[PDB]
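Chemist: Chain residues, written in single-letter form:
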Amino acid sequence: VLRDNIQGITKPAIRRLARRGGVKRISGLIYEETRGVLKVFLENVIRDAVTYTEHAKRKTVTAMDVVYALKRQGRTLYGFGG
Amino acid sequence: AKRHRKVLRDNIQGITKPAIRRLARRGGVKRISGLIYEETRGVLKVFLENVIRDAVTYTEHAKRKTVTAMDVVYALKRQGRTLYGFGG
Amino acid sequence: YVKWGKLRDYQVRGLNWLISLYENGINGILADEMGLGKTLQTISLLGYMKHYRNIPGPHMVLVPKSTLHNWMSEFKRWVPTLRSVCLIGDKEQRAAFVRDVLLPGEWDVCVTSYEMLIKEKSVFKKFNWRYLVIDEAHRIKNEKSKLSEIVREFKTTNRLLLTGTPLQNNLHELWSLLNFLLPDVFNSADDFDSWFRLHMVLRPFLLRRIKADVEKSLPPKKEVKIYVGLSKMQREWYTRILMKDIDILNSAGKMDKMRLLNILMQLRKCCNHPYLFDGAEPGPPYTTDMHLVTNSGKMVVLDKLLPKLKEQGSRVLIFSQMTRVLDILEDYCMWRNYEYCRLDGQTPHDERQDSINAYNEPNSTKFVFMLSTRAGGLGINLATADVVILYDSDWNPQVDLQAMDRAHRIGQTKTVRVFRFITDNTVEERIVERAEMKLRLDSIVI
Amino acid sequence: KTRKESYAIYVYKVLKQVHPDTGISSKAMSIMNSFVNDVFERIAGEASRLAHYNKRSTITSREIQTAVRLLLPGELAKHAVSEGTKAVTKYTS
Amino acid sequence: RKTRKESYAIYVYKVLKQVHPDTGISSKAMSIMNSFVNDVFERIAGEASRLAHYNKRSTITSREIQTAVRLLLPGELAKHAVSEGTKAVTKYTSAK
Amino acid sequence: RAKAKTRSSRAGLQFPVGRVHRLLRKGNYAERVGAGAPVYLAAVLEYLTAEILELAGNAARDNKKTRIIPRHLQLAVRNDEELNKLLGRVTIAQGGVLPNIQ
Amino acid sequence: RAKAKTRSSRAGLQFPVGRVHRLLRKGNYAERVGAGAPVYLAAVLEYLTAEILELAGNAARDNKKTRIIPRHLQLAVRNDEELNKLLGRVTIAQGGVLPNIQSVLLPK
Amino acid sequence: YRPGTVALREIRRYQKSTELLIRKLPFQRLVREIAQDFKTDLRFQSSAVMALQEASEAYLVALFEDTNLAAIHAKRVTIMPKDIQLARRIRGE
Amino acid sequence: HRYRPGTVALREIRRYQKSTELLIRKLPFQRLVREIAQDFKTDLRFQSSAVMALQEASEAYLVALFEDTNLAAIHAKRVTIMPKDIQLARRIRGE
DNA sequence: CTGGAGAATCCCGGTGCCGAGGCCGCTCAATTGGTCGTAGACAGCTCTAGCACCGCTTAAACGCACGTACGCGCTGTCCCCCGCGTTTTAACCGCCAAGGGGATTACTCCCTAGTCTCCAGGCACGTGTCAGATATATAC
DNA sequence: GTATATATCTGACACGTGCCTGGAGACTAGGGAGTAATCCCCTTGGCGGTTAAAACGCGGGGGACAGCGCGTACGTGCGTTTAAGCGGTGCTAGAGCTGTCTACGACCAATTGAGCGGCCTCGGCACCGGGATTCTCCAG
Ligand SMILES: Nc1ncnc2c1ncn2[C@@H]1O[C@H](COP(=O)(O)OP(=O)(O)O)[C@@H](O)[C@H]1O
Ligand SMILES: [Mg+2]
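Top line first, the protein sequences correspond to chains A, B, C, D, E, F, G, H and I.
So the mapping is simple: the UniProt record's numbering equals the position in the first sequence, first residue as 1, plus 21.
So the mapping is simple: the UniProt record's numbering equals the position in the second sequence, first residue as 1, plus 15.
The third sequence lines up with residues 174 to 369, 383 to 632 when you count with the UniProt record's numbering.
So the mapping is simple: the UniProt record's numbering equals the position in the fourth sequence, first residue as 1, plus 31.
So the mapping is simple: the UniProt record's numbering equals the position in the fifth sequence, first residue as 1, plus 30.
So the mapping is simple: the UniProt record's numbering equals the position in the sixth sequence, first residue as 1, plus 11.
So the mapping is simple: the UniProt record's numbering equals the position in the seventh sequence, first residue as 1, plus 11.
So the mapping is simple: the UniProt record's numbering equals the position in the eighth sequence, first residue as 1, plus 41.
So the mapping is simple: the UniProt record's numbering equals the position in the ninth sequence, first residue as 1, plus 39.
Heads up, a few of these hints could be off.
Claimed, not checked - Mimicking DSS-like on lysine-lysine, the simulated pairs with C-alpha atoms at most 30 Å apart in a straight line are:
| no. | chain 1 | residue 1 | chain 2 | residue 2 |
| --- | --- | --- | --- | --- |
| 1 | C | 418 | C | 494 |
| 2 | B | 92 | A | 92 |
| 3 | A | 92 | I | 57 |
| 4 | C | 179 | C | 294 |
Claimed, not checked - So these bits of chain G aren't anywhere near chain A, every CB distance computed over 10 Å:
| no. | residue |
| --- | --- |
| 5 | 15 |
| 6 | 21 |
| 7 | 37 |
| 8 | 39 |
| 9 | 61 |
| 10 | 73 |
| 11 | 75 |
| 12 | 76 |
| 13 | 86 |
| 14 | 89 |
| 15 | 95 |
| 16 | 96 |
| 17 | 100 |
| 18 | 102 |
| 19 | 108 |
| 20 | 119 |
To be clear, the hints were calculated from the coordinates, so they are not data collected in a lab.
A virtual CB, placed ideally from N, CA and C, is assigned to each residue, including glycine.
Work out the full structure: start from the sequences and follow the hints.
Modeler: See below:
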């Protein structure tokens, strides 16, 4: 059973995402706030991706299961066999 | 002159300042700036243009000259503005 | 009992018919030709009851808003003995009249406009009424009109309608008036219709008497028609209306396009004047004093006023069916500097009577009257004048006959002249033809 | 000369089980008919897609169960699935 | 044994060479173009389906596709596209 | 033949199983529809109907009314955290705004 | 039997008319589907394809590289107002953000 | 009464009511002008203009909520044209 | 030598706004995804491209949220992002 | 203000490489032809409701003036990021093994659509009384 | 001590009526679906190796933020004028229905060529290590 890997999303990696988004200066409490925001987004996408796999009676999550889960939530992604 | 006592405003002006203030009061706005009446009219007009253009596309497709309540409800639904009460 | 003047023989004869109906237990409708003095005959009826039968119970008179000051005057002059009270006013004034006058029971007749009734139907419902007399009863020709219903509710011993024009459009309407009066004698529209026989059903409940037989002294009327041709601005506009390419947009935008869902109306607004249509008038300044007369064929022909002002004082009327037309005529008259008067449905009540009187004075400076057929073409009396010009024609022919009779009434001693501006080759020609077809069914029955 | 189907009688039969005393207005009943139509079109759209992704010709109750699980929020989904499975067991008996 | 997988790639290439003769396209940019064509096909076909149900017709036709295109595409893209499709049907019906 | 019983009566439901089956068959969802699909769907629509009317009837009662009106329905949907997520993009006509002043 | 001519050749198109017809028939869009419908739709799909690849090719030549790659496609869609309105809810893989800083953040 | 005392009293009234706040004739005349530019000479159902007015007033009330949270974020109580523009930008419209 | 506070922040914005690489490290994100999956079902296996599809979608979402968050701080007349700016952006979006 | 120093990407020319275009073979969906039957264009009719004038009343909006809540420019304040360097840990790369489970094809036989026939739920219809929407007199 | 609370009508809901057309019976049809079994793609941790990335600490100056004062603008209520709202009346545009007739598409069988995967290779351009300005900063 995996322990808490949400601390594996490092402070340097969150800062590079803020830089691609055009952010010049960042407060210290953004990191704790961003990790929860990411976790809520992943929980919503993975839950549906697994509902699809179960309907198909398969143990492996496929790239299509993820693409269909994102397509429902209004987040079309090109590139993964869509 | 008798021929001209009355004078007509543009139809956007029919949305009066008293009419906008009540809408902002339902939205919980306490104080409001002066330039918002011009800004709000511009915003409503862009909303009405996008809904009406589609409601007329549906009417033309059906070969009818009258816009119906269903033509408006389908146009709002297609834009994510679902409306209950007018059928469908 | 009558005091100011004696009655004409026909008028005495009328009260006899009227009083028989009370004894009979029937109600009915009196229908002499318009302007033959029906009002007085009714005032006498309410006084018969006070003097001879001793019934002073409250009665009701419903009259058009214009005739409210005439109705009152009449009662006072001819039969001062009956007491009367009349309702008109804003919300506040109306309440005070209810509280300080109507409810104290110090009166025997209420006279009020058809409008103030719908506004305050309750206080009216409380009382119990003896006679309900409704002048100008074409306002309740539709069986389902709001007023027609409210009127039916109030309690009543006897009822009389007085209408100059018994027939307006079709038989269903006649059934409607017969029902309010004799609901028992006319249970359904269907029954009245189909069974249809002229005069036989009408004789017991209807009394009609034309001016020619009763008042021989009256000068007979003249019918004339002035066909006209369209001006040039008109010919262009009339065409572009039909083509639906008027374009024309005040706020630049490449002239946009006008909306013309209903076409017959647009063409008629222009056959009157192209100035009515926006943007046709030339230029921002406006104020050109002579362009008006020449830009409309009917106004070119209106130069006839100048001969008539000099040709003795034969005064004229110029009725209309649209307010804007009347606006033009007022600014034009101001340019010629003639003497004029105008009523409209927009005007206040107090002013209406004043302007009927200054004009009716025995030796007044006024020469022309401009009056809308709806607001002022029913019930007022304007006998001083001798010529009638009708700027426009109406779909129902009885709307027209009446406006012509404002002048021709008891007291007229000069021929009443009738003149109608019509355009010879347009849809205006159709409208006039259509009104005529409806009259044929009526035919001024004796 | 033309009939118009609606859910109105079914909405009223359920109303009287939930609240025997109450009634409902015509405006409110028109909103209730619109709710049933909207929800029906959502569930049948996901079912249809599910079948296609998995290459199947039939919509079954197993596809409607999964569509309900994809569409409803968690507390409604667990109850809606319980009500659907109770009905299908009783119907099959 | 190993089953075939259909794609738009050979048509996407043939259209590129008509537009820019000397240029190429990497395998990842091909996966994205194949995704784009399928997204736009599904959008147009879903609107064309509904419009027929609203008007109670059982057939999809070029008229329902023309209305679907005017509802979905932005203003200028819609104009040129409509011309391209009506041109193609005019040429096809001359040669069927 | 035997005397008819509605399929809703067999399932123990108030909503119409037969109409729902026809709607699905004629809506172009799939080329085939199963026999349990209309029963499962009618159960879910009746459950969701009952959830709204229970909250709407409580709102009518607190407001001292016997009759549910469009305002009572808005109050019910917007004060429930799951119904307001199910219905986050719909406008209810003559439905007011929940009262809130910052 | 006469020699076959594929329907795309008859309409003067590069995209496939025959495949589009199958996809529509088997996709549950309607009970029936007309013969002019796949021709109209194939013409629109080829126009929209040429519209993108034209601007992608120009972005590749601006970068001095001979092959279109996934970033070139992003720079094209985002820099055109109508393609950005058509594809406003789409993420493209290996697609960068257009270069951009709010002027408030730049040095004096 | 003091500045803002009546403003809170109106906020409470209007939030309780469920009526339409714009006049019906002045709004119908605007719908018909916008339309003439798309197609000419259309006619309209009486219920179709009411669906447009309900949808319009619902849209503006919801935009005024987002405008007031963007005003309070900048530490003001007065809404201004810039707050409308930030709300419309974050919503992506 | 020393550059001044915020000068290297601008080079970092330009450098990351040119490249299309993934910024979060791959192996750490793969452990995060799998940990989340155990709440829904045990012993799921995973395609390698299914994790890359999740990472591409996740970094695209965070970059776009940081843009809306920055507008809000400039609106409040500041240059530093604060937790209340993420909360305002999500609330106005409808999340 | 601004010369100077010195870290930043920036061209330039060589070096190797597994990506992309070419072709092969041959697979299996498009083609044509013929046929069937029923979607939908046409015309006709009827009659609902939409469009244009007026009239009426009085809520509503107009503009005026009054005065003070609060918009927003400077200043001082002193905390918390930035950037540097350092040390430190865990990412990447490559290599090689076992065996879960995607995938194929094959077989068999339960499922649903089709048809026709049938009769009861649901449609619109026309009343009626009440829930509510204020009128009507109280009441303290 | 006065505003509900007594008090009073009234279109809207709710009842039942009559009526008629989708739901339900009960068989045959022939495909989809399920389940067996096979094969061998791709997944899961093994180790070691060793770069690069994350981590730590802490000098120092940027921006966040509170407070003050200043001043014009938004809200208030007055009287005023305006036209929304409601009835009345005319009329006929064009939604709607039914009816009829015939172009169209789906279907079958049969046919043969575009398009699939497999196996291929010389050339696009990643990478390394040479010098070029030219970003920025600071002590004269
Ligand atoms: N007997 C009479 N003697 C003198 N004048 C009369 C007599 N009867 C009526 N009049 C006048 O003639 C006119 C008749 O018009 P009116 O009373 O309005 O009748 P109607 O209601 O039929 O139009 C009135 O102005 C009245 O003054
Ligand atoms: Mg009179």
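Chemist: Given the hinted pair residue 92 of chain A and residue 57 of chain I, is their alpha-carbon gap at most 30 Å?
Modeler: With a Cα-Cα distance of about 27 Å, the restraint between residue 92 of chain A and residue 57 of chain I holds, given a limit of 30 Å.
Chemist: Mind checking the alpha carbons of residue 418 of chain C and residue 494 of chain C for me, to see if they're no more than 30 Å apart?
Modeler: Holds, at about 28 Å.
Chemist: According to the definition I'm using, a residue is off the interface if its beta carbon is farther than 10 Å from all beta carbons of the partner; does residue 15 of chain G meet that for chain A?
Modeler: For residue 15 of chain G, whose nearest Cβ neighbour in chain A is about 32 Å away, the distance exceeds 10 Å, so it holds.
Chemist: Once the closest CB in chain A is found, is it more than 10 Å from residue 61 of chain G?
Modeler: Nearest chain A Cβ is 18 Å from residue 61 of chain G, so the label holds.
Chemist: Against chain A, does residue 96 of chain G keep a CB gap of more than 10 Å to every residue?
Modeler: Check passes; 14 Å lies beyond 10 Å.
Chemist: Any Cβ of chain A at or closer than 10 Å to residue 89 of chain G, or is the non-interface label fine?
Modeler: For residue 89 of chain G, whose nearest Cβ neighbour in chain A is about 13 Å away, the distance exceeds 10 Å, so it holds.
Chemist: Minimum C-beta separation from residue 108 of chain G to chain A exceeding 10 Å: can you confirm that?
Modeler: violated (6 Å)
Chemist: Since residue 75 of chain G was said not to touch the interface, does its Cβ keep a gap of more than 10 Å from each Cβ of chain A?
Modeler: holds (24 Å)
Chemist: Quick one: work out the minimum CB distance from residue 39 of chain G to chain A and report holds if it exceeds 10 Å, violated otherwise.
Modeler: Per Cβ check, residue 39 of chain G is outside 10 Å of chain A; nearest 17 Å; holds.
Chemist: Given the proposed pairing of residue 179 of chain C with residue 294 of chain C, does the C-alpha separation stay at or below 30 Å?
Modeler: violated (37 Å)
Chemist: Is residue 92 of chain B within 30 Å of residue 92 of chain A, Cα to Cα?
Modeler: Holds, at roughly 19 Å.
Chemist: The output says residue 95 of chain G does not contact chain A. Does that hold with a beta carbon cutoff of 10 Å?
Modeler: Holds: least Cβ distance 14 Å, greater than 10 Å.
Violated hints for the displayed structure, listed by number in ascending order: 4, 17, 18, 19.
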